[PDB]
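We begin with a single chain expressed as structure tokens, specifically the form deposited in one PDB entry.
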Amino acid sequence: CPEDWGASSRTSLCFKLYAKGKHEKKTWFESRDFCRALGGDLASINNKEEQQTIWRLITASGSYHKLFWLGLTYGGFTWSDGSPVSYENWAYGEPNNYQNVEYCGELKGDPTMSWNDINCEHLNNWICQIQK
């Protein structure tokens, strides 16, 4: 794994925590771009191993209790009677409300390492992942 990046055990994933300070917390979208501009992406957690890895990273750094953006994101219309949407007559720019808010998953940096979904525009620390 790259320049000081949490080395997974059974996955080619390397994780790195980014929590340099409050004033430098980014949104989920900024966080994703940031990680992508590094040849990676926001961290995905697919097993307990990857989780302990991030937790060790949190311990070694002493980032206890801080929240982090993980690559978790959520994301058309249907007829109630089951019929298929074979026809549409939406007004200009419609539908659009179902996109005024988006939700993303953040990691709670304590022993539970639990996830919570919140507005993707909130300011958070984040965790990147980049292939070995």
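Throughout, rigid core stands for the largest set of C-alpha atoms superposing within 1.5 Å between the two forms. Only residues modelled in both forms are compared. Residue numbers count along the first chain shown, from 1. What changes on going to the form deposited in another entry:
- If you fit the rigid core between the two forms, you'll see the Cα of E102 move by 2 angstroms or more.
- Comparing the forms between the two forms on their rigid core, the Cα displacement of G39 stays under 2 Å.
- Remark: with the core as the superposition reference, the CA shift of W90 between the two forms reaches 2 Å or more.
- Shifted region between the two forms (core-superposed; runs of 3+ residues, all CA displacements of 2 Å or more, residues common to both forms): 76 to 102 only.
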Given for the second form:
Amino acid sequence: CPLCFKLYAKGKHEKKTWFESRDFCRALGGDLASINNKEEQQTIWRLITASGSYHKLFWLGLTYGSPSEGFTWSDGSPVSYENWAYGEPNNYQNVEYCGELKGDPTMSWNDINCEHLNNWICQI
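Could you present the same protein in the form deposited in another entry, rather than the form deposited in one PDB entry shown above?
The next block holds one chain only.
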């Protein structure tokens, strides 16, 4: 790396929707981050403690597919490893088709509306 992840923690005015974040990472030749196992989760947690980005929320590459698949990763891979927060994904008010990371030690995931403005994490 110059499995590689990079945090994008932005000021209030420079956060992005899920689609804007996905396009940003793809313009770099990468994608929104997928977390495929415990090792990858630890790597990202170690990046958060390095930056003081505690408690912050980040887009991951989680996106709802067909009703049959449930959530998938934007980079193509299926969701095998899961770390949803308890009760999630709950599709609250039926409008939550993207996934975010709560960047605290639990490293848990939540489904949320894709037009929410968040920080994000790229993989490359």
